[PDB]
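**Student:** As a plain string of letters, each chain reads:
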Amino acid sequence: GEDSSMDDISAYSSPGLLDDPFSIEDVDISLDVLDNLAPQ
Amino acid sequence: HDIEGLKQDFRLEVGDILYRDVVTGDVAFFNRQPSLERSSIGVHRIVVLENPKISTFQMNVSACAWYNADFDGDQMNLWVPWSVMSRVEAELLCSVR
Amino acid sequence: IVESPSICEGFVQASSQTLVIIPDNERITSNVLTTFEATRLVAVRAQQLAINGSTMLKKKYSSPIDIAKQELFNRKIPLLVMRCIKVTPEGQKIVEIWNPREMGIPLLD
Amino acid sequence: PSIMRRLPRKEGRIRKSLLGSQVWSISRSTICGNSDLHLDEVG
Ligand SMILES: [Mg+2]
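Chains as they are written, first to last, in full-length UniProt numbering: chain L, 1202 to 1218, 1227 to 1249; chain D, 388 to 484; chain B, 39 to 147; chain F, 297 to 339.
Treat the hints with care, as some may be off.
To be verified - Pairs of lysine-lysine, DSBU-like flavour, derived with a Cα cap of 35 Å: (1) D:394 with B:114; (2) D:440 with D:394; (3) B:124 with B:98; (4) B:97 with B:114; (5) B:114 with B:131; (6) B:98 with D:394.
Simulated from the structure, these hints should not be mistaken for laboratory data.
So that you can see chain L by itself, here it is in the shape it has in the complex:
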């Protein structure tokens, strides 16, 4: 009960935690020219 050699690694983090509305996935625009989307 005191052993820590086989503790879950994912339990050291904070425990616990379809389309992204903000991701430009269907927009085919170059990543070097994204300033065209600036609100201006």
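Chain L is already provided as a structure; the job is to place chains D, B and F with the ligand on it using the hints.
**Tutor:** Okay, now just chains D, B and F with the ligand, sitting in the frame of chain L:
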């Protein structure tokens, strides 16, 4: 053949293909992303800026309505047709008029 | 009973077609070239001039594109427009052949 | 690495290689104003 590697030819032979520099009056496809409208790609007549200090694509402010563009840092693509078939099609179909 | 596949089916090669030209008095499509058709005619003629260079145009021009445009405008272009109307299941390919030297040209110069 | 993972997403085979294309003979630069150019002209 490169043009520096040949200098003994007095002229060109009929049938050769010469790749020449882009001059004033050539048509060019001019595009701003995202291309949401049909006017997002238009064909413009090229004016070559002889000042070596200029690196920008310059256009009239009244042409910005085609591309939804402005001059706050937008970048636009430009390719010049070289083949005859695409260079005919640029003039007759894709001209911004 | 539905037995093993036979050679009568399994053909990948589509059978050849017969080009059926609609008689000139029964043509339904417009007698005016579309902008697409005129552009295609000029482009094809200009490329072929870049290949051959033989034209019957009286005036002299320094570009294949100018020669092709003037051939279209002066009704001297050696090309035809074939408008494919239908492909019949019995093999026929019904098309309309249009002579661009006697059609209306939409382009301007 | 798998054969069928090459297809699906925006960076996949269909959307990146077939529906779009890297091309030669093209240029890009910042755009600028010029009131001496006609509407159908580009500097
Ligand atoms: Mg901007």
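**Student:** Each hint: holds or not?
**Tutor:** Checked hints:
| no. | hint | in the structure |
| --- | --- | --- |
| 1 | D:394 with B:114 | 40 Å, violated |
| 2 | D:440 with D:394 | 31 Å, holds |
| 3 | B:124 with B:98 | 41 Å, violated |
| 4 | B:97 with B:114 | 12 Å, holds |
| 5 | B:114 with B:131 | 28 Å, holds |
| 6 | B:98 with D:394 | 30 Å, holds |
Consistency note: the structure conflicts with the earlier hints numbered 1 and 3.
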